[PDB]
Amino acid sequence: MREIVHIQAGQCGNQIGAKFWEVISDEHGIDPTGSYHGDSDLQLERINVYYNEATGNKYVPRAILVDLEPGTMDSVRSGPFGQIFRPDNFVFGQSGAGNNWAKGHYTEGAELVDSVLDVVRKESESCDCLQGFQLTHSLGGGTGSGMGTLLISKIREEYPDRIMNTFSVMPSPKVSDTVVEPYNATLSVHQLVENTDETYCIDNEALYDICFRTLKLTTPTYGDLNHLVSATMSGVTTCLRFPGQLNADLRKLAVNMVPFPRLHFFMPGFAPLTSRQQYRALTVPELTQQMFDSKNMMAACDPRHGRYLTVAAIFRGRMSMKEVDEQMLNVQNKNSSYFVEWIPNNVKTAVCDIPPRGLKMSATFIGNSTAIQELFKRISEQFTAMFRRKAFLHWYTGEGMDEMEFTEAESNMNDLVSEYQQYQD
Amino acid sequence: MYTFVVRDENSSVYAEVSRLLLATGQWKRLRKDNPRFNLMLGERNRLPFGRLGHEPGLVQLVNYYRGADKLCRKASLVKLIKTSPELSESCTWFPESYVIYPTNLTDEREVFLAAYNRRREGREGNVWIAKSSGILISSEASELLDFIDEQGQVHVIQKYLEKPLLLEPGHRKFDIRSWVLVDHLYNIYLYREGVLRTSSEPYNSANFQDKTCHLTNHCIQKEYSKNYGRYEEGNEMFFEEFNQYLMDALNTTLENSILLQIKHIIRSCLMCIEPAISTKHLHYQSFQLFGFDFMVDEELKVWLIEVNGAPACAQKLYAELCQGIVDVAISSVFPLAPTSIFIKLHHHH
Amino acid sequence: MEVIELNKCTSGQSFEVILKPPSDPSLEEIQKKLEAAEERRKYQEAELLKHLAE
Amino acid sequence: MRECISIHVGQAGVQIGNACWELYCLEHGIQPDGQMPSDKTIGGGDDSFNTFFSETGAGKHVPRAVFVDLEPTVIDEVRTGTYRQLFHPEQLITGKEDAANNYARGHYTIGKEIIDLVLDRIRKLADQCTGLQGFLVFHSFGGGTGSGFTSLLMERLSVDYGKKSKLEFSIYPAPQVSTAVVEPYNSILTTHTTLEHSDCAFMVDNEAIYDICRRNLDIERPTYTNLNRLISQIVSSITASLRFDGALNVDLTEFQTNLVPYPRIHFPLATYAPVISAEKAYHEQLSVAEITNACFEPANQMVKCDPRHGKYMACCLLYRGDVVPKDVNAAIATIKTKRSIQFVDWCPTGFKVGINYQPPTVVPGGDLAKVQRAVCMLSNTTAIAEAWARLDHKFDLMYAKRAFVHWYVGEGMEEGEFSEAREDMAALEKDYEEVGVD
Ligand SMILES: Nc1nc2c(ncn2[C@@H]2O[C@H](COP(=O)(O)OP(=O)(O)OP(=O)(O)O)[C@@H](O)[C@H]2O)c(=O)[nH]1
Ligand SMILES: Nc1ncnc2c1ncn2[C@@H]1O[C@H](COP(=O)(O)OP(=O)(O)CP(=O)(O)O)[C@@H](O)[C@H]1O
Ligand SMILES: Nc1nc2c(ncn2[C@@H]2O[C@H](COP(=O)(O)OP(=O)(O)O)[C@@H](O)[C@H]2O)c(=O)[nH]1
Ligand SMILES: [Ca+2]
Ligand SMILES: [Ca+2]
Ligand SMILES: [Ca+2]
Ligand SMILES: [Mg+2]
Ligand SMILES: [Mg+2]
Ligand SMILES: [Mg+2]
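Protein chains in written order, with the deposited numbering: chain B, 1 to 42, 45 to 278, 281 to 360, 369 to 437; chain F, 1 to 105, 125 to 152, 159 to 362, 371 to 382; chain E, 6 to 28, 44 to 74; chain A, 1 to 438.
Don't read these hints as lab results, they were simulated from the structure.
Errors might be hidden in some of the hints.
Which residues of chain E face chain B? A partial, calculated answer using Cβ under 7 Å [what the hints assert, rightly or not]:
no.: 1; residue: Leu68
no.: 2; residue: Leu72
no.: 3; residue: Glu74
Every residue, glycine too, gets a C-beta built ideally from N, C-alpha and C.
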């Protein structure tokens with residue numbers, strides 16, 4: 001009984017979190033009404051990690067939905083699995099955050115944060131042994147970015163010895179809502195560097211490129227992008243949701259993936275990614293090749309530009325575990341120049357017999381690569397292009413912020429980049 | 001794509017092997033500290049054998065046999081020959097040798132003096148040579170023992186071949202270098218090409234003070250000898266010329282008069298230590314190139330001088346031998362996508 | 006090659022063959053180390069909370 | 001009679017312990033419910049098997065064992081498994097959250113809060129002993145509990161049981177069945193703080209067991225169940241002398257006297273043969289000479305290394321099955337004329353031999369096949385130092401960059417303990433080299 005408390009904040013955070021609970025609910029045999037109808041005991047072996055058990059053998063996700071406007075969460079409540087969430091776990095305001103990190107972190111968000119923590123506390127008080135928390139959010143908006151990192155700071159204050167984990171969607175000008183997204187992402191990255199133990203970097207550009215070039219989607223939508231994020235979230239959490247010995251909990255995963263506390267930003271990867281030749285069987289060599297291919301990663305960073313500090317790989321489905329080891333060792337031995345040599349045996353492989369829905373087998377990739385600095389470099393460059401002219405700052409100074417706070421967040425993200433560069437050589 | 005690391009930058013032999021391996025386009029060189037290698041071109045001293053063969057999914061091979069030093073050390077070789085029943089103390093192809101520790105430090128001082136006094140009393144030739152891993162040739166035991174005490178390392182005193190076979194014209198001494206390769210299956214391959222490192226000075230049995238005509242080392246002949254390169258280029262005669270000499274002068278062949286004994290000696294040495302160094306049932310595999318040095322007396326009897334565990338090659342023979350090392354030692358374990374240049378010395382494992 | 010000290014019983018036997026002859045911290049200190057480590061954890065957490073208070 | 005208490009720490013210790021006690025019961029004729037029909041003394045007795053089993057008035061034979069894990073999932077298998085009736089709840093101790101593969105977390109943060117409870121449960125077992133010999137401690141090197149909590153327990157056991165011997169069965173980390181990158185850190189940290197408290201330690205490298213299972217048992221991808229069944233056979237062969245009538249290694253003190261002439265060098269190499277697959281059509285039964293000669297093949301050593309290039313300090317041959325002394329000495333003599341066996345000059349060149357007529361017991365449905373005779377050789381070779389070399393090298397690679405050190409300092413450990421532990425290992429490697437090399 002190692003419970004995880006889930007939190008989803010803002011438009012992006014709630015839309016992706018909704019699909020996540022939809023995908024894993026199907027994998028665990030939970031229907032939209034929280035009733036279990038699976039056929040395998042592996045489905046319920048670790049069901050309490052993400053689900054609470056109510057009267058009548060009902061399973062209720064341990065999820066808290068937060069937003070500063072009602073719209074998106076109204077859609078979730080009307081969505082497919084909307085009825086499965088605890089009604090009291092909907093916490094929302096009416097003002098909105100106007101894609102403004104300051105509104106979510108300092109003004110509008112501050113007015114609502116205490117009520118969110120009341121629900122978090124309630125969910126924690128019922129946990130036999132709470133592992134930690136996982137937050138889904140974007141960094142380019144106001145609520146998920148600004149109030150999301152505010153929640154993290156206060157959750158850390160009240161639960162300082164629990165693990166804080168995030169799925170963070172990074173903005174990209176190719177899939178942009180407002181020009182201030184680099185401002186909001188730089189302010190958030192500052193928070194994440196200090197207050198999270200593990201952060202999966204999901205770049206909206208990578209998701210777009212995959213939908214367009216690989217999946218052959220002419221006009222990708224936010225829905226299409228969220229399918230990739232759903233599948234990736236389900237893959238990286240397999241080790242927590244099913245019986246296993248590798249990275250089986252949040253703290254052990256951090257111990258194996260984070261050699262230095264600030265360098266906890268991961269590149270996730272998923273295979274297969276097939277366009278609609282979708283029925284063809286996928287061999288273990290193919291799964292391994294694609295899973296390590298840059299085109300199958302979702303941070304928009306070329307791994308061959310840096311080195312892997314650590315790697316976690318999860319193979320799902322009924323397959324030759326002997327052939328999995330061989331192919332994993334083949335990838336390391338055929339490209340050992342992209343793995344740091346001062347961390348012996350830094351590639352760990354886990355297997356799970358239950359494959360995702370509609371797939372004979374798949375592989376999920378988790379990399380702590382120094383190439384992630386390219387993602388923070390893009391943000392920093394977009395940040396500086398506007399900040400050198402102080403463009404659009406009035407949205408933030410109007411909420412009480414000072415320019416110095418922008419300079420500090422910028423410097424810290426540039427330090428992070430430099431820190432990655434030193435371990436790449 | 002096979003991977004190898006280089007840990008001995010001063011090895012001319014494996015520098016060429018590494019150069020050849022890369023030329024195949026099927027081998028990639030890794031940093032000397034990267035553990036994910038198929039082949040280690042290891043260092044000469046303190047090679048970390050204990051870290052080999054613990055890499056899941058890599059068949060690991062190294063170019064040195066752990067424990068071969070027993071054969072390639074002046075004092076170790078003497079102890080191995082006297083104590084191994086296969087070689088026995090009565091071995092007929094190794095000069096009467098003794099291990100002598102300096103008095104400032125078992126030791127065969129008295130055993131040597133006993134044999135020495137017997138020769139002195141029997142009017143026999145009593146010239147010995149002292150050396151260590159700085160050489161002194163003398164007929165008085167007092168000078169031999171006093172010379173070793175002035176040093177601080179173990180030495181060996183063995184009989185000096187007072188009747189060496191002298192080439193003509195020149196009346197000059199020489200020694201024969203034979204290159205031997207033992208692969209992971211412990212096959213013993215003798216390179217078809219040897220070299221005679223000859224002295225360009227007439228042999229003089231009445232003066233062991235000038236060591237230029239008695240020591241056939243290439244560095245000594247090229248540094249202290251004044252007839253270097255007079256008879257053969259670089260004081261190096263090869264088997265073709267040397268064989269023709271044996272026919273013209275001695276009406277015999279190199280194979281019958283000398284090579285049979287050389288092959289017998291090579292076999293006896295390596296087979297003796299096979300149980301101690303074989304990697305047959307080991308988690309990693311070994312091969313090694315050996316340099317055997319021989320002496321030929323005027324009776325066409327062959328004597329073993331020493332065994333070198335990290336030999337160099339004759340400039341004219343680097344290309345052929347280094348390629349041969351890749352064919353039978355490296356590609357035999359890691360195949361790529371004749372008329373062998375070796376002579377397999379068959380034996381019972 | 007000599008056999009010595011042969012001992013035989015219903016369930017087995019044992020012997021010896023010779024081929025050749027030859028030629044703490046107190047309870048008090050453990051508690052201090054455990055408390056010393058616990059104090060450093062408390063100090064580190066208090067610094068984190070002080071940081072979050074600012 | 002003198003009792004032995006077995007302590008199993010962490011997942012590796014607990015799961016290996018479950019496999020050994022399963023085997024002990026089959027060897028002594030004890031049923032899963034604890035009943036022993038052959039035992040004609042109901043509720044008591046000082047027979048050789050009583051060193052490991054106590055007896056209740058109702059005739060139940062209860063292992064003298066304590067299971068400890070900082071997380072309940074593994075020990076919950078024991079509570080509801082086949083032998084759930086062997087142990088009473090006081091013997092199975094579990095926490096709520098584990099040490100996260102962090103030595104400092106098991107030794108300091110979590111260990112400090114549960115150490116006194118474990119000692120209390122051990123004290124209960126000790127109070128049933130009229131003459132306690134000591135303890136056998138099973139644990140891994142790489143786990144946070146197996147490494148961190150074990151060293152804390154060994155320190156306290158030396159305080160609370162000063163005159164008692166303590167032996168270890170330690171699992172050496174192997175990447176092929178490991179998912180923790182910091183296991184070299186934990187292994188070296190636990191060896192440093194445990195070295196002075198262990199009189200004799202049998203190291204088992206998972207790499208060796210993994211390859212024996214693939215090569216000899218034809219298991220393409222061995223599981224922990226495969227590995228543990230084989231390890232329990234080796235463990236059984238080592239402890240058989242304490243549980244059966246005999247005259248060799250009859251008490252824990254004799255293990256040190258026979259295998260450890262120098263206190264710090266207390267890691268004997270174990271070699272076992274034959275290991276035959278139960279799925280084989282049918283095997284040509286191996287002789288005394290063939291199983292004995294197999295003891296000098298690296299392929300059946302619990303730790304892969306080359307004894308030809310070290311020196312022996314002691315050697316015990318533990319035979320089980322149809323073996324008479326005459327055939328042992330004939331095999332030894334033939335192995336001396338073919339094998340490189342170099343002893344240290346200050347030790348005699350000899351072998352202590354123990355024979356048990358009962359052949360190895362095989363778990364029904366297991367992987368191993370029934371054989372007419374088996375042998376486990378315990379040799380104290382300096383060649384096992386190769387395992388310290390491998391381990392210290394990996395340690396050095398990560399510590400040079402301080403990789404993962406913050407996880408340990410964050411649990412209250414001082415960084416200097418890293419260098420203190422590493423310097424102790426450097427001295428250990430130097431001790432081996434002084435004894436084995438000329
Ligand atoms: N031979 C064998 N090795 C095991 C077994 N279980 C775990 N290991 C090894 O032990 C090491 C991991 O340590 P664990 O014993 O699982 O960790 P722990 O003692 O439970 O401590 P925690 O970190 O708190 O979980 C790895 O090297 C595993 O390969 C087992 O059942 N048999
Ligand atoms: N017992 C002996 N009788 C006659 N000559 C001897 C001898 N021992 C050595 N020599 C002479 O000394 C020369 C080299 O001696 P040795 O080989 O022992 O030194 P070394 O090992 O430093 C040279 P290398 O390793 O290249 O063979 C030989 O060419 C030989 O002519
Ligand atoms: N992948 C994905 N990204 C989104 C989605 N909705 C918004 N975003 C991204 O999130 C950023 C806008 O933040 P948003 O969540 O809408 O603001 P918030 O409601 O204040 O947190 C922009 O970078 C968008 O590209 C979505 O459904 N999926
Ligand atoms: Ca307001
Ligand atoms: Ca009884
Ligand atoms: Ca003690
Ligand atoms: Mg929006
Ligand atoms: Mg030499
Ligand atoms: Mg555990």
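When the nearest CB of chain B is found for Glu74 (chain E), is that gap smaller than 7 Å? violated (11 Å)
Regarding the hint that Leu72 (chain E) lies at the interface with chain B, is the smallest CB-CB distance below 7 Å? holds (5 Å)
Given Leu68 (chain E) was flagged as interface, is its beta-carbon under 7 Å from a beta-carbon of chain B? holds (6 Å)
Hint 3 alone, counting from the list given before, is not met by this structure.
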